[PDB]
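Structure, as structure tokens:
Removed: one protein chain of the complex. Kept in place: all other protein chains.
Just so it is clear, A, B and C label the chains in written order, and each chain counts residues from 1 on its own.
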Amino acid sequence: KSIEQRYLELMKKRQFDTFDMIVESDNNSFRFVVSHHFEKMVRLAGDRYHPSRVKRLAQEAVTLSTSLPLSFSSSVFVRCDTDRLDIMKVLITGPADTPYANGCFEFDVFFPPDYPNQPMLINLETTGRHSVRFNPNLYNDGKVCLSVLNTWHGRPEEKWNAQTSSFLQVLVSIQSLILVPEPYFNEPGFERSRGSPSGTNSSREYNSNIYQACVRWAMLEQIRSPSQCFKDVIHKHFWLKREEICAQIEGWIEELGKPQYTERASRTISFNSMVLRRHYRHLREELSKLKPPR
Amino acid sequence: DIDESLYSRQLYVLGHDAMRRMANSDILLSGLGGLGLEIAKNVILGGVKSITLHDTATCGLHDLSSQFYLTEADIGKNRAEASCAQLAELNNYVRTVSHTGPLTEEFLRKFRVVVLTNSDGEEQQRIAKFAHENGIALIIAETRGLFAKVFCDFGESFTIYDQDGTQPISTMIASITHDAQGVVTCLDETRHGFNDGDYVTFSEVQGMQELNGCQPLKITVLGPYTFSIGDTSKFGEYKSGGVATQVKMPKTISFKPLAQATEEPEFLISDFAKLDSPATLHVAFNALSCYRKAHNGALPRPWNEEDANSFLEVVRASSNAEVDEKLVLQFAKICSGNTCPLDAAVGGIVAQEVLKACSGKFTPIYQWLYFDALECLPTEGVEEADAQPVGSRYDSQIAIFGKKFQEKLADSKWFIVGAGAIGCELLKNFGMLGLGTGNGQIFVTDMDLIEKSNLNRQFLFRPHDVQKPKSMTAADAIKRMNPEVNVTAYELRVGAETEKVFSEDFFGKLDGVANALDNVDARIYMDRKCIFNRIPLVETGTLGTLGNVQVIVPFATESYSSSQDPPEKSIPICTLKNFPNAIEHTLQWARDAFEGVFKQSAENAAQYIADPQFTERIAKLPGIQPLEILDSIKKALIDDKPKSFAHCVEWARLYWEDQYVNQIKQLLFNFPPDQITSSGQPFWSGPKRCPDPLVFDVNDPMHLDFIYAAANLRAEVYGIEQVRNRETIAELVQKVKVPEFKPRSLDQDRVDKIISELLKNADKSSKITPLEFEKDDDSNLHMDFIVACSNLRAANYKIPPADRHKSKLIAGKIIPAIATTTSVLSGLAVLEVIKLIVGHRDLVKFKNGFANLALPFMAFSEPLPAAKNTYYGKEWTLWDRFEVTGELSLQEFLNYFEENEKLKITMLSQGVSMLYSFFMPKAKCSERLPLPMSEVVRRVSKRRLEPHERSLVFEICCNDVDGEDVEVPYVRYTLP
Amino acid sequence: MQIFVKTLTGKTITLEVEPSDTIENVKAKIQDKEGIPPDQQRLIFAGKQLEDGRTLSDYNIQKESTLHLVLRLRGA
Partner (left out) sequence: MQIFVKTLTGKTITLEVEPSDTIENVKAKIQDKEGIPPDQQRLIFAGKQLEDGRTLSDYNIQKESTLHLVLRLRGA
């Protein structure tokens, strides 16, 4: 079987699973055994829930058990608490031909008690301890920007809709409109500057920064210290695609080595290239240590 | 000025101008029955300059049915004189006096508004003529059993400054056409919301600068997003920008005198299913005086057929227009009685009309209002012998409902949730009704304490009752009003944590629940409890002059949770962070900054100081959490710890520089001010305002205010003594050196290192204390800091600043409230409670109520029946459920359903938990199958089962025999 | 036929309907003109609350009839 076929057959069974995120504690309390961003809000919510939330979450789980996207380019994996459907973690692999390609990005999802009337809360965890802004819509503090995620005035076809909006829609929105091939033009106003040499240089600078950021945090830190929920998924994904990842990073290196027209962009590109070489050496060191999954 | 600390909530409803006008108005109230007492109470709580209580009748046993300030010892005394002493304590800013002399012409000239109750026809006509001739506002109010009548005559020329009470709406302009019918188009296809024929003004318009600050112009709404302002060819071409703001145009109307208005009446419809009722009620009320004149001043006897026939004949003789004879007979049969909730509602309406007359705000009744509550009567009526008086304080109520309904009321048990304004009014009405005075009881619960701002609309509390529990104080207050009332009060907040007291046994002996809460979570929880226990629930809510009642009947109507309300509007992340365009965004940003700076930055440090073993506890946390806590503790305790107030001032200055200079310079570096997109529109156009960094000036009051507030709060956080001297802080802040800023384009080892630095350098003798945001205290400087921060960020983006009043309204999430709306909605809710207690089940009798006292507007509807669904041909609603008894294993539970109900359970849940599912791990599924359901619930919910829990509620998603999902009722699992 | 819808806050809306439309169509038109989703709208007429799945003929709403768009409130 081709490597793509093996990847598709192996990652299919593990798209939607449950994990022990919460365990029993003393004096009728509970503690988190995994790092969840919305732990404080979970504790504040307590046992409050809207009557329709249970039915909506059951339908969402039924949808997610089959409907998650899966391809050799990108895939989405969802883990939920074994006893609570409203606490979830999402792993999204970067699409090919993008600066995020073959990078594992982790999100925390918490469904408020008012769901599905209020939109769910999602936060990006793969931020490099808030030192990296991976996208104009992905602030370094972890906040994710989407029009679908807001109930503010907006437009009816753009707001969060209690009937025509779903978790799967939000996941696909992130995975295909945030991880775009050219993230620089995501910012409004910059969208019309594309096609000009200055816009091309700015996009190249942004992509050069994102290249090293993703190589460091989306690959190296995920291999070294994977999340407990996505440990074996991450291991399988990085073991099955180590050659493609190495080739892609080498191609990124060669592209960054091309001459530049402006010195201001050239200095930043050279610095990002040296950082990317430093991180790629470590990534090559780590990849060779990956014991092949059974 | 107006004492904001007392009138805080009422100011957001009325306004400074309206309250100033009411503070110069004298009120005369004639008649001190139940309705007059309610009017006086609401007016006094409103805060008029003075009120004079005039009455000629003496207190009797029949007056105790609604007068809560009269006792049996007051029988024989003048009602006004007896109630004046107690009414004066409601508001010390209002001068309350009592008058017993005749209403001479010279005496009437001293009052701006005159209210007439229980006055005869001749006196009413004379006083109305005199008031109309001399420009005195006149209001006539009456209540006869379950009927009401309100008349308003505010003079020949009355000016209204705000016709509807709604805030002006401003929209932003995208393009204006330059021709004879210039069309204004809104920004990025956003609805303006302007009404047709509105008046608007323009500001911040470039090119058409002549429209800036122009007089209001009549508009023509051509669509949901565009409108026309007339000829715009005389001005210059439109470049960009522009904001159109709605302007409230005053209106002048003329009121007919009573002598004229009787023959050509204009009716305000109170119920749209009874359009013909006001016409008959007008004639009935007019002919009541003739009947009294023809029967020695005696009203028709309660439920007497002969007197009803005589009154019908009098009505026939008095008027030639056709009238509802059945309605006339029903009016005559119960016209001699009097009840509390109707009096409260009519008093609330009449007090709003008094405030309207005094201040000139809101539209008055034009001109007659007639209301009835005939659905509260039994379908078969009341026997005459049952309605005879028995020498009791409820005689006027027995004249309406009979002695059997009084016995039913005495044995009723009702639960009131929340003891706020609505809760206090409901408690008063229940006490006056005689509810629970026999073998019944009245339960009231509230977790809050009395605050000074609560005294404005809660009449059961006194200035010396501050810091006392609301529920106990209200219980004692209504115990004084009616000694026979049995009340049990709790200081608990309803929820999952207080089910030990509010257990299933407690709800089992209840007859109904009345909601007086201010949040949706408590409402939803009380609905779930009422659904599970199958008891009626009455829900009430108010907002300013708006209010509603909803009634939920088991097996009859849908629940409050069956329908949905608009969500709380949140602010886009990019609108709060980088591109604010309204004062709300800056206020929310200031609140977030306050929280993050003065509360979140010190919680970990305080926990570390208080708990010696905090480090070992946080060393076991998963992920990067131990580092994220240790570095915050280090930053709060070593790096940023100020050793003197001078360091606090320096930190405040640096924070000001970073917030209003450095970050804005960075933002402008990222996006140049003159950046223009390819198609032509600049980036800093439309909803995005180009900012400009500020220059610090100690002479600027805003900068000094921010420095003062921030330094004092920072000193309070670390325990340093505050220096509340503006001159000293101004002197100190001038010596601070601001560093230059330029724009820019092993974990275990670290944990051990930070632990070592904490145990060596950090001192546990510090007094780090996070600050809790309090808005009602003017000496804590929280609101001052919020105002300074918001106004500085507004001046950053050229957003018009907001004063302390609007900042407190928005940032503090203050819900405006007034006493009149509360009284009206409480009266309506008590009417629905009476309907429920009677025994009505058909949905026509029950009425959901909606009101807006500003328009004025009042409307009703039948509650919607519960939705019906079918599984295997069996109909079920939200009230039906499965009944599973005994102790069963999980496998036994699934087999029971699969065998009896022919349903295959694919997802079993208990609240937020998930006991069973189709996608659960096989190991846990095998483990949980043989265990009893109680043990499974205990394991999944991670909490013990309390002994008071006698049953559990399960929600199941099932598949039929054919493999398709079907909706099924919830399961009630009875513990052995 | 033309009908009017009055909001609880006193704003008047004019709709162009037919004696045979459905409450869903009326709510969609109200959504177009105002912006509230249809599931958040409560239409009162002649003491009755309009429910989805019915037409105006059942409620006897004729020309120049007035409807009321009410809402629930969270204070107390």
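Just so we're on the same page, a contact is a pair of C-beta atoms (placed from the backbone, for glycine too) under 8 Å apart; a residue touches a chain by one contact, two chains touch by 3 or more.
Here one chain is not drawn; of B:187, B:447, B:472 or B:573, the residue touching it is B:573. Contact with the chain that does not appear here is found for just one residue of A:80, A:88, A:179 or A:240, A:179.
In the complete assembly, the contact with the undisplayed chain comes from A:169, out of A:25, A:28, A:29 or A:169.
As for the chain not pictured, it touches chain A at residues 63, 67, 69, 71-74, 95-98, 136-137, 145-148, 154, 157-158, 161, 163-166, 168-169, 172-173, 175-177, 179-180, 186-188. Counting over the whole complex, chain B has residues 572-575 touching the chain that is not drawn.
One rule holds in what follows: only the chains that are shown with their structure count from here on.
Taking each chain's centre as the average of its CA atoms, chain B and chain C sit 25 Å apart.
In terms of their C-alpha centroids, the spacing between chain A and chain B amounts to 42 Å. Of all residues in chain B, those that touch two or more other chains are 191, 520, 564. The set of chain A residues that touch two or more partner chains comprises 153, 162.
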